[PDB]
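In structure tokens, the next block holds one chain alone, the form deposited without the ligand.
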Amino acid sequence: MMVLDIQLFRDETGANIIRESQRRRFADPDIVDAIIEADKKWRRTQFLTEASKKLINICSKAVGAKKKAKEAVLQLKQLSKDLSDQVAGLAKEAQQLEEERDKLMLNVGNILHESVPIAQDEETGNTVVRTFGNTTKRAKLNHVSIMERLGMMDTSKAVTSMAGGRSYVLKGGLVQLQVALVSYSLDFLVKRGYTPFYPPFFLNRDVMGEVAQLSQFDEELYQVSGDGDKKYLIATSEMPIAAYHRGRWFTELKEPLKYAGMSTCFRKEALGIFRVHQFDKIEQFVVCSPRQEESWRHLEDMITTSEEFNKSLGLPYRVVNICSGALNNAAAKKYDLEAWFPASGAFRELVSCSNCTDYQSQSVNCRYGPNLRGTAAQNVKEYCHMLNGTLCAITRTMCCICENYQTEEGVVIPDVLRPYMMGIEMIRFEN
């Protein structure tokens, strides 16, 4: 279970910050008190447990000194046993309280940035930050009609009877385009200092729970079985990249860690190729210092990077700031880049960029800085900040390119992609 850091709840100022954030997200602030109470009883079990373990050795040391002195102890033995009984009792309580606490926390979101719009309904509540290109342009055929006329996409029963609903085959020029986008995307981020990262597409349940919200198991994740422990297919490379930092500790990050995640993603989603179960994606993932609001600076760079990508492709768009009621729990702020689809006549999400601050990193225990011990200055456990953002969701981007670059003869290939597909200038309609 991925939830917010308990430390912030343990003083009045932080509890007030969380209650305010809850109200601004249209969530329950009264939850903060319930979490504080559950935690207070939990801490009490831990206080008694540590004190009783201490007294177990007083019981042992005493027998050790007495039987050394050859003395007729029988109480000290019984007291060791009973204290060990009490510790076992305290552990069962302690475990129940952790589960109740973490359960309550499922409805506590990350602390909202001060710039998040306050609204419940995305339809009207998102705030438009910037726009690019002719976002009122009109065109003849939608992406579905285009890919059909190209003869290069099959979403018919020949496919769906093999692979189930929303499965597809790509062929020909559209596969060339897909691979052009993967390679160009990778190079685009390499040039901006990202390290390529190719993850496993499976994660164990244990680890998936640390990086995924519990509603994602329900609605989004396929389960894979056979070889060893049960696993889940990844819905994004952000999952395995976040999980790769579990139990790490970065004393300093003068430079952030920047990864260009490359994978196939799988989503249960519980037409054409815009919303499908299986898709390639290139993702930006950043791990940085939690200090001086550095993470906020990287969020601006990441959305800017995605914009520059779409500018290079010549795709018109708007960037929106996602309202408080629609943000997922992990995100303190989220930008979506919504491309304009001129045949369809709609803005459609191609990219989202999120600052999750320490939400994931505290769940995976990715620590930062110096330890509580030794140095008198450190009182709080610090954790790295983590951000993630799409660079290119390949099928969605192909759909957008198809509508924007169509002609009577086919789909013109965006200039920058041509050298990544054998110099091809256009893929042509079958007819």
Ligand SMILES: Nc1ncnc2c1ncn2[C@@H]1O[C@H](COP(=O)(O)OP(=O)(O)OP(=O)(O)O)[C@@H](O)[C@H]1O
The other form holds:
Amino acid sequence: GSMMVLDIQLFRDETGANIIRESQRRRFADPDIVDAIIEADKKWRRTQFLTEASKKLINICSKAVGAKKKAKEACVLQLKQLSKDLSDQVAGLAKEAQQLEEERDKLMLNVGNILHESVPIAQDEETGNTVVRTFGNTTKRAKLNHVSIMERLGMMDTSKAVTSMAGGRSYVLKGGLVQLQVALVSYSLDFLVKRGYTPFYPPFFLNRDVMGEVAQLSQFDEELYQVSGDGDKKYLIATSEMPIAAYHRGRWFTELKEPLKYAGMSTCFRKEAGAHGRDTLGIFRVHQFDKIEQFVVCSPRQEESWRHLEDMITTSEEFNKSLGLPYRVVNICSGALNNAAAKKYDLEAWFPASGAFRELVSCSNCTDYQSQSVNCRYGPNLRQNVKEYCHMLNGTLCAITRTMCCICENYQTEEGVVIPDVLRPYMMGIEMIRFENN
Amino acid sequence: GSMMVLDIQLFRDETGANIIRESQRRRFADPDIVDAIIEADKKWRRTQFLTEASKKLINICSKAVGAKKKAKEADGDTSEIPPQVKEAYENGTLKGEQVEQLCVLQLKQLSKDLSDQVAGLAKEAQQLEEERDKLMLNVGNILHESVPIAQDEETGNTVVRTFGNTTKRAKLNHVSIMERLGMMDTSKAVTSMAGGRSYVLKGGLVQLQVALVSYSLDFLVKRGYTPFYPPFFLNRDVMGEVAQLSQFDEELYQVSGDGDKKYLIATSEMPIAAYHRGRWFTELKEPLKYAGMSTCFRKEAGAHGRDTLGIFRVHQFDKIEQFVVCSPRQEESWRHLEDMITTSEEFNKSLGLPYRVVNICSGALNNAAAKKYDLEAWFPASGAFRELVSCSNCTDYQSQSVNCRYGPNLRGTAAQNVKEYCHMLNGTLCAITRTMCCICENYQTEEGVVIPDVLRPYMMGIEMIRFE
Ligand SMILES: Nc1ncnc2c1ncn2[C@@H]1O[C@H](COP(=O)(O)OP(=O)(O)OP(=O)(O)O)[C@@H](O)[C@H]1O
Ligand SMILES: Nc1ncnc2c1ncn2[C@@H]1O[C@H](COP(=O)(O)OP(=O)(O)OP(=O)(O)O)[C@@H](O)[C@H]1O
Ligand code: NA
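Return one more block: the form deposited with the ligand bound, after the form deposited without the ligand shown previously.
Full assembly next; the chain just shown is listed first.
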């Protein structure tokens, strides 16, 4: 059943419907769908209006019979029949209500979050993404790519010894690379703790019902493994953003003078159904990887979320600067944005052997898209004419395997890989991991 | 289906079969079963004897036809196979010299009939092989001579060694401490999201978790172990070489959606063992020592509502594991077992945790283990010793199942009277959530939990995590 889509409230006002139509056109999506959603919703509201009315009339029938029969009268027989009929009508109204919600929500799958005014308008990323900032020597060239380096270290196995055990794109890390992996986890966690984030270690399973509130329906198809055996069926998490968002379901923050900031720490599991033969090379694109994630829950007011988005990307930049990895920050074009995001920044690191900018980090302001889906409310209650929801953002701090790949290319020498200065105290003071002699 | 059970070769020797029957009796397990396993294997070897005879006869048929056609011999009167010929190949006594008396039409029919026999024999072979290993599910590794002989743990285990003050008492148990810290959520906010026994850790407890992972890994690196980060999925075929059928029912989650069905690992021992499948170490002058690092996933199907509370027994937890592959000769694996339990002891001493070491009795040993030591840490608020660590010598039980051979591997070697396999051992260094529970009880004060000295540099120098 459950699925994550845009708030219905914005559709029920002429000005809001026009905001959504405009955002649809700017995303290269269908604006005509907004009318279809308003109509389905108008029918749905009608069923709810009749249901609330008829329920009140069911008590009228009950109280009437209670007063009449206490008065010792032999119309009661009619009132009883009318109670059964209204209960029948309410039952019929509910089945119709259900069908209409299903139709509405399925139409809404095609409606994205309202674009920020700064999002570039383009359908294609190569031409369409706008470069915001660059850091370091982004034209640097180096000898060996990350796959060759990790193979020459003797510290990564992606051969049939592993894939015949664990399937395609599975890998073993050994020795110095595991030390580096752990160094990055711990350094990444500390980096965020120092910036006011609360560490958060989630369950790696979510139930279907809950996963449906924080995942787009296409993610079930392309990205989420199903887990079974123990009670209800579950899904492995693709990112700690899922359980962190789900953790706020049904919550209500009367105010958030300070944001909630979490440093999500987890293994991430991705089926990568789309990537038939994209990579297959190294640990750059794998089904299982550690990631440290920024997650922010904040007030929906005064565009505070937009300020946090800037802080979050700046945080990921400062992290990569600390590692000395060259990069560019790009503002993702409207055609490439997922539905939840109102704006997205990617930090794409320069891979000097490979000769390419490759995404290490994405940071998104999802405003009230997830929040309305998980029902994470904000402010005072209606009983204020609008229901307010918290804003939520999420952004990579460090995706560990891709960052390891970038470090290997950028810090290679003839003898091995130099460990970035900041990571050394997190791996026993090791200055370099060395190639197998030949 | 794929299955981890004892090696067959020792069953086919009278002295070997008796050693196995004796070990079974000493485990309070079934010896009578060995006769049933020998019989199932006898049936199996018969299908191989016939298969090899018939495969050779098929080649003789082809060569005979070739020679007859070359000489322009007439094809013959009939393709009908003499009943004695059918009887002979069904019994494995048909000789090539007799086959060569047949005409071309007969040789052709016989080649087809022998091919059908070879196909029927492959199916018989596998129903017999499944029936056999299933009977083998109940047969344990040969006990080391020092294993206490008893059925029940609570009385049969032998306390070997103790460390620290194991009678001190403390006020709050680990559940109450982690609650008062505000850093562990096991409420419906979490369980309605992720199911029973699910948890969220926050704040200082995540810092402590990471500190333990990194300190544990460093602890083993300093002792010559190679870090090993595995895939957390194993496919059915491979999982069955390193697990018994009962673990599929009680312990292993199934994962699907992409490729064939896989299982989540319950310990890094599984993928590390599997990684050695089909290997052949001609010599291991030094052992291979691995420091396994992984999340472990356990259904806990048996422990339905056994513990329930806190993070002591959960479905998902980090663990750092010792895994050793070594020579099967000169009782070397027994020396490694002693070093491994000592390493886990020194780790706990370094954390300042009191404990006892117990030698696990014969009746309570799992099948793969020839001997097992557990380290049970003292939980002063619970008032009990609770298992933190197990270390076992599985000698060649996993290695035979995964086919990890030892010894010279040279051309010209025929049917080897004794195939040798490596020995494998495994032992917990640190199960992270249980160690956190132990630390919380032992290091509690009025204001919170004091961080053990050795972990402080691994969590930004923090000396204490404070109650809300
Ligand atoms: N299959 C993978 N293997 C290793 N790292 C990955 C993989 N998928 C994503 N990452 C890392 O996680 C970061 C965040 O990825 P995200 O959750 O945004 O998924 P995505 O499909 O890349 O979506 P987006 O288009 O927003 O980046 C990426 O920038 C990358 O560093
Ligand atoms: N469900 C669990 N939750 C948290 N920690 C666990 C769990 N199961 C095992 N552990 C930890 O892992 C360690 C090793 O566990 P092991 O794999 O040996 O499983 P076991 O069946 O509980 O123990 P044994 O080996 O004695 O049968 C235990 O000593 C304990 O510290
Ligand atoms: Na340049």
